[PDB]
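Colleague: One-letter residues, chain by chain:
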Amino acid sequence: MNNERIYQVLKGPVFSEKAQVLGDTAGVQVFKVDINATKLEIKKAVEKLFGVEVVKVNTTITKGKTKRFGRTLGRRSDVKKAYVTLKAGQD
Amino acid sequence: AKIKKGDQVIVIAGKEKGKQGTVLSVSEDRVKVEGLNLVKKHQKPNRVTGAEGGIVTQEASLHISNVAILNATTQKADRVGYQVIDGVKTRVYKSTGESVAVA
Amino acid sequence: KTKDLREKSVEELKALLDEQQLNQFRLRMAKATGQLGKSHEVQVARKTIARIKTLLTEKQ
Amino acid sequence: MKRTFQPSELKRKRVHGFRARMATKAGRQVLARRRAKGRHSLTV
Amino acid sequence: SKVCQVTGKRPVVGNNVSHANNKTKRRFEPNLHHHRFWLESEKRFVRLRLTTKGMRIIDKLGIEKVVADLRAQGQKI
RNA sequence: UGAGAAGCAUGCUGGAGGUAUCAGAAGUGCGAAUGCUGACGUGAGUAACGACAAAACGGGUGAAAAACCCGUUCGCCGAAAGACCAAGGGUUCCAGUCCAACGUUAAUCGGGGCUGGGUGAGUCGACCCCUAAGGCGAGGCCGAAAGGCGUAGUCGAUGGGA
RNA sequence: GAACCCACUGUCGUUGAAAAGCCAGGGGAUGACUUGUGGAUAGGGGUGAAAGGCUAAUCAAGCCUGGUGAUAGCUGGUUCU
RNA sequence: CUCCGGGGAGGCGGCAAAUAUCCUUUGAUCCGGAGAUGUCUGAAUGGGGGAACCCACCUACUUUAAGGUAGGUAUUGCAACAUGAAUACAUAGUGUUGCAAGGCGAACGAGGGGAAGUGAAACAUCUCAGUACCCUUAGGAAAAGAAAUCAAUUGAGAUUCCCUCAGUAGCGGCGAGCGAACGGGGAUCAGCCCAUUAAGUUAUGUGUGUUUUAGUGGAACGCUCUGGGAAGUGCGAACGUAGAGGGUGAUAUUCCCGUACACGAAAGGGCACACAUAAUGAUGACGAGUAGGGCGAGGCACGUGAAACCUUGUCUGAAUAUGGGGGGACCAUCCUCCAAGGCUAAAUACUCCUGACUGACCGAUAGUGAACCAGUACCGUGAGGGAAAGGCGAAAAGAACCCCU
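Which chain is which? The protein sequence lines are S, T, X, 1 and W, in order.
The deposited numbering numbers the first residue of the first sequence as 1 and each following residue consecutively.
The deposited numbering numbers the first residue of the second sequence as 2 and each following residue consecutively.
The deposited numbering numbers the first residue of the third sequence as 2 and each following residue consecutively.
The deposited numbering numbers the first residue of the fourth sequence as 1 and each following residue consecutively.
The deposited numbering numbers the first residue of the fifth sequence as 2 and each following residue consecutively.
Keep in mind the hints are simulated off the structure, nothing from the lab.
Ideal Cβ placement from N, Cα and C applies to all residues, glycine included.
Treat the hints with care, since some could be wrong.
[What the hints assert, rightly or not] Below, a list of computed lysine-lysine pairs in the DSBU-like style, where the Cα atoms sit at most 30 Å apart:
{"#": "1", "chain 1": "X", "residue 1": "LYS54", "chain 2": "S", "residue 2": "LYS43"}
{"#": "2", "chain 1": "X", "residue 1": "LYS54", "chain 2": "S", "residue 2": "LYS44"}
{"#": "3", "chain 1": "S", "residue 1": "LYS80", "chain 2": "X", "residue 2": "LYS48"}
{"#": "4", "chain 1": "S", "residue 1": "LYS65", "chain 2": "1", "residue 2": "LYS13"}
{"#": "5", "chain 1": "S", "residue 1": "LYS67", "chain 2": "X", "residue 2": "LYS32"}
{"#": "6", "chain 1": "S", "residue 1": "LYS11", "chain 2": "X", "residue 2": "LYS32"}
{"#": "7", "chain 1": "X", "residue 1": "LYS32", "chain 2": "S", "residue 2": "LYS32"}
{"#": "8", "chain 1": "X", "residue 1": "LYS15", "chain 2": "S", "residue 2": "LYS56"}
{"#": "9", "chain 1": "X", "residue 1": "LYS2", "chain 2": "S", "residue 2": "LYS80"}
{"#": "10", "chain 1": "T", "residue 1": "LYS5", "chain 2": "T", "residue 2": "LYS95"}
{"#": "11", "chain 1": "S", "residue 1": "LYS32", "chain 2": "X", "residue 2": "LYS48"}
{"#": "12", "chain 1": "S", "residue 1": "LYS43", "chain 2": "X", "residue 2": "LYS9"}
{"#": "13", "chain 1": "S", "residue 1": "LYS80", "chain 2": "1", "residue 2": "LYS13"}
{"#": "14", "chain 1": "S", "residue 1": "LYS81", "chain 2": "X", "residue 2": "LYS39"}
{"#": "15", "chain 1": "S", "residue 1": "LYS67", "chain 2": "1", "residue 2": "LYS37"}
{"#": "16", "chain 1": "S", "residue 1": "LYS32", "chain 2": "X", "residue 2": "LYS39"}
{"#": "17", "chain 1": "X", "residue 1": "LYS15", "chain 2": "S", "residue 2": "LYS32"}
{"#": "18", "chain 1": "S", "residue 1": "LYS48", "chain 2": "X", "residue 2": "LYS54"}
{"#": "19", "chain 1": "S", "residue 1": "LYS11", "chain 2": "X", "residue 2": "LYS54"}
{"#": "20", "chain 1": "X", "residue 1": "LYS48", "chain 2": "S", "residue 2": "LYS11"}
{"#": "21", "chain 1": "X", "residue 1": "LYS48", "chain 2": "S", "residue 2": "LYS44"}
{"#": "22", "chain 1": "S", "residue 1": "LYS63", "chain 2": "1", "residue 2": "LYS11"}
{"#": "23", "chain 1": "X", "residue 1": "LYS32", "chain 2": "S", "residue 2": "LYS87"}
{"#": "24", "chain 1": "X", "residue 1": "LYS2", "chain 2": "S", "residue 2": "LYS44"}
[Claimed, not checked] If the Cβ cut is set under 10 Å, some of the chain X residues that face chain S in the computed set are:
{"#": "25", "residue": "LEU18"}
{"#": "26", "residue": "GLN25"}
{"#": "27", "residue": "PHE26"}
{"#": "28", "residue": "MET30"}
{"#": "29", "residue": "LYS32"}
Turn these sequences into a full structure, and let the hints guide you.
Modeller: What follows is the structure in structure tokens.
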């Protein structure tokens, strides 16, 4: 795989109550990822760019909301979230 | 012809006609001169930035055509022209032809 | 930076491209974490990557 | 009481769909008229 | 299509005119039929869709010349 | 002021255009066409506030409580007024905050406004393999043109396949 | 005789809860039965156990656009002195 | 994003104003020219498909796990090559390579098909009308074009368009209606070829002129009065190859942008002409299923009428310069021309677009449906139908603070 795509697979971490509880109690990291990323791609990117070993990856897609600002109607973009479970105690 | 940011000018039109000052900024066709065209602005308090609201005095922009370059020698309103001296294009006074004062 | 990049060879340009892409990812991580105060760095990195790509295409 | 419109997406797109319009000469003319008039939505 | 290969004749449009001068649209069609002709140069039968005028032209000029002319025109036979 | 269509002067309002005379050209005078567009009357504070079971009291919050929250009683459905799937809808889902508009009354409440959050698959479904009705269809047959039918084939679940 | 499919009588409603309904009775209910999904038939045409019935709340010839500003010896209207 | 040229104090696009970072005289923003990158659908072309989706194969470099990268894989037509039935040579068929086409878009051209309302005070001949509409296809224009043509004082000389001739001569249920030509005056002006191969056209390359894609300089007003504000009053002054237009707190040749004028191009593009090659004209060498005729239709202003002339669906069918076509039934004389093979510019038709300029055209119920986030909201299964909505103030200086709630 190309490092160019490796460096773009991961967008940013997720901060929320569910993510905090999961990280604290099970060592699961929640990431915002590219809409077109695969589980294997995310696994490889996490291992390469964080020096940790991944056991399993779970993914889900949430559709963007339709908002009304003034008289204009718009839609936000879809988001993909990855749950990555690490081995034993890591990170 | 151009009135530059740091020039000294004299107001020829409006309620401030007959007063001189230093330009602070030029944008579009509006220029602000230090200590001229003041307004009383009523400012509402802002929670995030504090700075309890109060009455504040600040300069209001004037149309560019209402001010003119001030000539040091005669202390009189004048007009600006362009002349190529040596290898540099330079501003001059149309009244005397001397190069515009640099400040 | 364009003049400095021009003198470099293809190998050096490609190595710097990889380094800058890694730096861009790290800057994104930092901004997501919210620990970075200055934001012009991301734009600098993106434009540097574009410049390196243009120079590589020109040379090759 | 049952009314005229009983929706079904598969039938709707199989009858009035983009490829259905492209499949025939008259449908292509319908698309041309809608493009000339400037419709934001050409087909269902 | 009802097109003669030798002469290019095709159905044309005209009028039925009645005794009271009522007019109606009509078509005049050619006397078109399929015919097999022997060709010695190629040692085979060639099937052509043509008219009786085309048959007269073939009788006048010979099968070889007409076939050559059609091939030159672009017909595949 | 004049016989009329109308003219003239001036108080108030308004804040930047107007135009004599003589010629010239017209989208040149509205009460009606069950005329067209918008605004507003009368009926009149009149009719009505939409199944099948019904409500009562104490406390809480609040500017305001018959309708919200907690509690004690009463009544109603219980082969549908319960639980679920496909189709269809698309955020209506959860939490915080607000009551101008909506909710056939009020509203602290809401499927209403604003901010955030939420869907996790080798075993569930789709995709995928296979075909029915039928669609399209290289060549091919036919037809003024457009085109029609159809072979090999290729699609097509409402069915078969861990 | 229930579910399911129908619509024979009467009351109510007729600016309705409803542009065809409710309530009390009524008929079929293993069959020429009922029903889901997906297909075929297109306007002088289709389909019809046949009422000129149905063909998107429209049918003795659907709807939309064009000929088109059709024609009307008919009715109405036609503005200052 | 890169490079070239312009320019010199600001700038980080708008609804939509703000703070914050920020970039800039080692030259930013911005303007002109040339390059780099350019996801998916859509003729869509690797197969499929409910457009923006699903699935697959081959080659080459990397790779160690189940990947990446760069390409290629549609159909039809033509050409070369290879392979190859019934069938013995063959032929059909099959395959590889190379080239070309498909689609979209305003009007104008050309061609294939082709109505009805209406008028005739009914209506069928006729009219509407070769109009509306469907289909095929080219160019910057198309088409036509150089006499087997007109004329008749025995003359004129290829096509195309305008004014006359003339509402004339004629056609017509001789109704309603339709409606020429000869001759004259203008616009433009041009002829050249059939296999010893012409004019003309197209693509590439070179040179001489010309015009465009940013830009630079550019004259000359003071006092006084009313006023919130002067460009308005009164007094005098200056420039003018410049007193066009717009703006500035009310009406400005001398306040700003400009105006006449002068000047300007690194790079790229258009046009005229000269020259060097490619193709083209061009499967064509004097015109036989031809001209003419019988039958049924269509077109010519002309409805079969005394119907001359052109096209042909069908049946026939010559002479060939000692020859043949036309001059309005037809015969003789006379006059005129040479069909059955081609190419060709200008005058002519139009505007989706580009730059400049104009209006006894409209000024928010007007003018485009649309001055405003409009072919949107909204209605309908769908083709389709289709609105309303401009104005604070010169400058936000857009009301600090107090009171009722």
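Colleague: Now, for every hint given, state plainly whether the structure supports it.
Modeller: Now the hints, each set against the structure:
1. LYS54 (chain X) x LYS43 (chain S): holds, 28 Å
2. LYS54 (chain X) x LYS44 (chain S): holds, 25 Å
3. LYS80 (chain S) x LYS48 (chain X): holds, 27 Å
4. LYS65 (chain S) x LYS13 (chain 1): holds, 25 Å
5. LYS67 (chain S) x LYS32 (chain X): Holds, because 26 Å separates the two Cα atoms, which is no more than 30 Å.
6. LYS11 (chain S) x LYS32 (chain X): Since the Cα atoms of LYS11 (chain S) and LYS32 (chain X) sit roughly 10 Å apart, the hinted pair holds (cutoff 30 Å).
7. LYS32 (chain X) x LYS32 (chain S): The given pair, whose Cα atoms are some 13 Å apart, holds under the 30 Å limit.
8. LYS15 (chain X) x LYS56 (chain S): With a Cα-Cα distance of about 33 Å, the restraint between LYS15 (chain X) and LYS56 (chain S) is violated, given a limit of 30 Å.
9. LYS2 (chain X) x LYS80 (chain S): violated, 36 Å
10. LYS5 (chain T) x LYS95 (chain T): holds, 17 Å
11. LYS32 (chain S) x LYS48 (chain X): Holds - the C-alpha atoms of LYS48 (chain X) and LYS32 (chain S) are around 24 Å apart, at most 30 Å.
12. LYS43 (chain S) x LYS9 (chain X): The given pair, whose Cα atoms are some 35 Å apart, is violated under the 30 Å limit.
13. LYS80 (chain S) x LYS13 (chain 1): holds, 29 Å
14. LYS81 (chain S) x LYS39 (chain X): Measuring from Cα to Cα gives roughly 27 Å; hence the hint holds.
15. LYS67 (chain S) x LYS37 (chain 1): holds, 29 Å
16. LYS32 (chain S) x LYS39 (chain X): holds, 22 Å
17. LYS15 (chain X) x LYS32 (chain S): Measuring from Cα to Cα gives roughly 28 Å; hence the hint holds.
18. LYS48 (chain S) x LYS54 (chain X): holds, 24 Å
19. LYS11 (chain S) x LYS54 (chain X): holds, 22 Å
20. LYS48 (chain X) x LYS11 (chain S): Holds: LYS48 (chain X) and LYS11 (chain S) sit about 19 Å apart, inside 30 Å.
21. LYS48 (chain X) x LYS44 (chain S): Cα-Cα ~27 Å, so holds.
22. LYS63 (chain S) x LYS11 (chain 1): holds, 25 Å
23. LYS32 (chain X) x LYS87 (chain S): Judged against 30 Å, a Cα distance of about 27 Å means the pair holds.
24. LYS2 (chain X) x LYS44 (chain S): Cα-Cα ~33 Å, so violated.
25. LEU18: Holds - the Cβ of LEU18 (chain X) comes within 10 Å of chain S, reaching about 9 Å at its closest.
26. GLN25: holds, 7 Å
27. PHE26: holds, 4 Å
28. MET30: With a closest approach of 7 Å, the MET30 (chain X) hint holds.
29. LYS32: Constraint on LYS32 (chain X) satisfied, holds at 8 Å.
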